[PDB]
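The chain below stands alone and is given in structure tokens; this is the form deposited in one PDB entry.
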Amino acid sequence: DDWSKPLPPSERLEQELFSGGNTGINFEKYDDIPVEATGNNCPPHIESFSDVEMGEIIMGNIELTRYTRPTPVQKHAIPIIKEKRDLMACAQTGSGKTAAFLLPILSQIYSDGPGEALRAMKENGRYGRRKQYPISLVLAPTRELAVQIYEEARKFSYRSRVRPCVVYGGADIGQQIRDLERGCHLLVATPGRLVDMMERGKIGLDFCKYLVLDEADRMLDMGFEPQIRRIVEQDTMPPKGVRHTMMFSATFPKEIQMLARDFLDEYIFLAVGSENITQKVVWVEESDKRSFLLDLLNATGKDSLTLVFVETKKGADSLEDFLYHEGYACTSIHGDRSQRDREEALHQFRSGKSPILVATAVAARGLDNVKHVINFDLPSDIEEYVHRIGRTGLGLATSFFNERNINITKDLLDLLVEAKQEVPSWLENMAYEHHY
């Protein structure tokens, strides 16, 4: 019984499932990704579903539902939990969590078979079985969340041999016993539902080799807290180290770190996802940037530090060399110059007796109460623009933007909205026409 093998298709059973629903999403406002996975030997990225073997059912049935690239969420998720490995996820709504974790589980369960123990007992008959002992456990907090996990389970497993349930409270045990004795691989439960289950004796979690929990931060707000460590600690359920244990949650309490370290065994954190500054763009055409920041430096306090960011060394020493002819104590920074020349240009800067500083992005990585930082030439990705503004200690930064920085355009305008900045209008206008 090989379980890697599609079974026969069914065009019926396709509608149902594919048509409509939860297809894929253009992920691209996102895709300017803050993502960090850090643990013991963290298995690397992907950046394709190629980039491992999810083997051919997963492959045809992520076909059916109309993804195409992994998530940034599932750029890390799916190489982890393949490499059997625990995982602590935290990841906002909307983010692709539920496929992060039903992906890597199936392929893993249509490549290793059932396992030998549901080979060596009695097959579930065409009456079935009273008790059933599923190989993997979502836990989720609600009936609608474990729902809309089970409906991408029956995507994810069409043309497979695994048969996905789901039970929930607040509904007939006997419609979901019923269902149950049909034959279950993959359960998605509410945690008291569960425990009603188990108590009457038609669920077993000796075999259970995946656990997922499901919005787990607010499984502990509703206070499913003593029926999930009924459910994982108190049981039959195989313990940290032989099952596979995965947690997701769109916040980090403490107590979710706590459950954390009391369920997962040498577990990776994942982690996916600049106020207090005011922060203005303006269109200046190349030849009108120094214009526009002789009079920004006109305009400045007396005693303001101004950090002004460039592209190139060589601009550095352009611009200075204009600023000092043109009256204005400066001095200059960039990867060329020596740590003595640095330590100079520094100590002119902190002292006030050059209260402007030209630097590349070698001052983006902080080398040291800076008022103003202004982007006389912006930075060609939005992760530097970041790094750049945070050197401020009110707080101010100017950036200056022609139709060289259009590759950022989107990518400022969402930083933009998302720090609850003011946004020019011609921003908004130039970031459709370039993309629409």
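We call the rigid core the largest set of C-alpha positions that still match within 1.5 Å between the two forms. Residue numbers count along the first chain shown, from 1. What changes on going to the form deposited in another entry:
- Once you line up the core between these two forms, the CA of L323 is the only one from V195, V232, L323, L220 that shifts by 2 Å or more.
- After superposition on the rigid core, the Cα atom of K280 is displaced by 2 Å or more between these two forms.
- When the rigid core is held fixed, the Cα atom of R337 travels 2 angstroms or more between these two forms.
- Shown in the overlay between these two forms, fitted on the rigid core, is a CA shift at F349 of 2 Å or greater.
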Second form
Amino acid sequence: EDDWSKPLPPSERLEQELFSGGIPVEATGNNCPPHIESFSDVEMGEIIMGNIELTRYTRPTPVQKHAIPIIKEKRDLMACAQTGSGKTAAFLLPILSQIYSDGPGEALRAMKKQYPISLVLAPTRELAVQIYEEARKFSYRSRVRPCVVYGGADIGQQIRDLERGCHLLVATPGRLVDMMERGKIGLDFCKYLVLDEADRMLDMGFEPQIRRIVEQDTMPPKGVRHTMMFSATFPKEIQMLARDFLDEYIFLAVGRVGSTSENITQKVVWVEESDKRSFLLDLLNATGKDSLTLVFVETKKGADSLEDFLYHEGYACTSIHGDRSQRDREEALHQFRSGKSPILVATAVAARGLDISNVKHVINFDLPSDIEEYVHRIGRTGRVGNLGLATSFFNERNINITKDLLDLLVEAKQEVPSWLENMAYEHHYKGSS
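Instead of the form deposited in one PDB entry shown above, give the structure for the form deposited in another entry, please.
Below: the lone chain, stripped of partners and molecules.
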């Protein structure tokens, strides 16, 4: 049989291809394996150590010091770390290491529809490619062929890439489901599940697809598969997702766990329904050359009406809602992402699963009845380096979220309209006399 631990012949055109480019730590859980200080503190194999040297990694990052020995000891992981912490290599290195050591497993040898040994789920195309490229570096001179798929691109070329073999699959949840329904991917032998930037995936409304992939198909249950979740923040829906997806897991926090709606400037203004169009025009006239603007409306009839208004007023824009054919919605998303139509009108429901690459300005033309939905919507702007802007139109129709919105603005240390805190005021708490 095949030896998956002993490296394949090199290829320096491929080497130049791959490798010629540019404080507190909390760990809680039961029987947590001790952290490492060097990559050699645990045995990650011949192939991994060789590829580590090609990538010129000299010392493990904080998150790698703790996560790598955890994953290698086959323990589930909930990790709160931010971008630039080296979390990609933190799960790729021990996973690939174990695959080299263990091999494909008797199933894939008795067969040799693609069956990934490892699956990494990402919110966006950009992050998906980042993970994919790192995987190529560490799968070099091995028999693990990494593949990446994502929406907004030709599925035909992605299917072709898949059929050349994939043992590690990086995917956005929507395109993976599409591959599964088309019968191109099976999860029967997926032993390594990774959710990278899980919080943003839920922001973009990927949770149903994720739970369909993990819980409703053929993927091994927890305790059999090894599952790792990485998230910058730790809101309640992530905690619930962690409890459901993880078994006997270690909680790792590198730095302070990020706040909800961080890196976002939020403005709330009072606008009557009749004035929302004109008010929007003033907001659009304070827009840069092409900074992408995402406008949320409640209904599809409202979306069409708004776009019709914007078109007549001379604005380059497009729309995405349910009453559109799929050919129109895919082209609309293409024209938004390319800046040809820098203004996207969309209902929240239609925006779900779409790779809208965090715009510079989110405008809540209509506010939701739900503050958790508000958090998901404004999450469509703001990163780490780029401060995002979220402007919301508020009137009597939104009175039910007055207090939650106020509380959120205060927690995020944002500006509060004096009329908003006035409307939220409760005389019960003043006291007698």
